[PDB]
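A short worksheet on the structure shown next.
Up next is subunit A:
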Amino acid sequence: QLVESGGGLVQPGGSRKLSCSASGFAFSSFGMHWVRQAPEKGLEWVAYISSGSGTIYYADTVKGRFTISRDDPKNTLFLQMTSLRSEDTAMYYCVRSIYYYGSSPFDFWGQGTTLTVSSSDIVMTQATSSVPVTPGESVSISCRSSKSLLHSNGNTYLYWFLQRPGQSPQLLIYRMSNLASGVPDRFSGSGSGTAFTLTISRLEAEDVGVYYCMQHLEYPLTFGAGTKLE
Partner candidate 1 sequence: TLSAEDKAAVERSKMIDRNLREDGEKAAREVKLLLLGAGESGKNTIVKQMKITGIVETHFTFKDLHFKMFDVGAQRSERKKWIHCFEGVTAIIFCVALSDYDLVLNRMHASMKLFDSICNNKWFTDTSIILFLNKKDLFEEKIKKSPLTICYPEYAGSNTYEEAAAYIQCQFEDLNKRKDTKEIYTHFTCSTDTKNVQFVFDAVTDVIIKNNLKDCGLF
Partner candidate 2 sequence: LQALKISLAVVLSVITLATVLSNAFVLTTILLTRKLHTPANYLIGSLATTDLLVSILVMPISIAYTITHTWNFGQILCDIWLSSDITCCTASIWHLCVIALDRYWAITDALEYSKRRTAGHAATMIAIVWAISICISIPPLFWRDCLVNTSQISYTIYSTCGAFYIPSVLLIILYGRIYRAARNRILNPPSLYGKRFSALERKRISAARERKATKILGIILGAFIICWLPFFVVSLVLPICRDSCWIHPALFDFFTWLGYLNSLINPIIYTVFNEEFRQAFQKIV
């Protein structure tokens, strides 16, 4: 499980340390990502650090200002934040990921903490803003990207995340073809270059939420506008 602490009220231009404690898994061998969600918008990737701190990446919006570090002995992940802007207000999520053939990156997401302050990336599009639904009705969600996700190696790097109300996003489908462990086999994903869709058959309870489509071709990572089911 992942739990975050360090949130609160910070004046613009200040600094606030954000920490993520990892337990129940080999945090050393798991890659870590920071994703922030504004109170009225979708997810947004912040920074990524590889296992062993051998590779560190930041988004263009947080380049330099935000620094990400790891401390394996305490199984804790730190994100040094300085010179915060007004737009930086968002709920930060501690994401667990591991990279290997057949792996499921972004499988687990932390509870997250709410942060508030006083006052050439791949474009992901989700025209289907909302779709009212009821149990027993099939659902199709369409996601579009400005770049073809079919890599030369043959792997289509597309990720689907479902965020229930009051809960952090959970991995739904990774690489457009593999369902995350524990996810019911109901969900299915398929598509072609520049056009991807997510289909849900015979919807029922514990399905209400917001579906986000993400691409993992190269950093910075981007998320779609999000399709809301109600």
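Selection criteria: all candidates are chains of the complex that A comes from, given by their letters.
We take it that a residue touches a chain if its C-beta (ideal position, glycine included) is under 8 Å from a C-beta of that chain, and two chains touch if they have at least 3 such contacts; residues count from 1.
As listed, 1 or 2 are all part of this complex, and the one touching subunit A is 1.
Listed in rising order, the residues of subunit A touching candidate 1 in the complex are 29, 31, 50-52, 54-55, 98-101, 105, 151, 153, 155, 157, 216-219.
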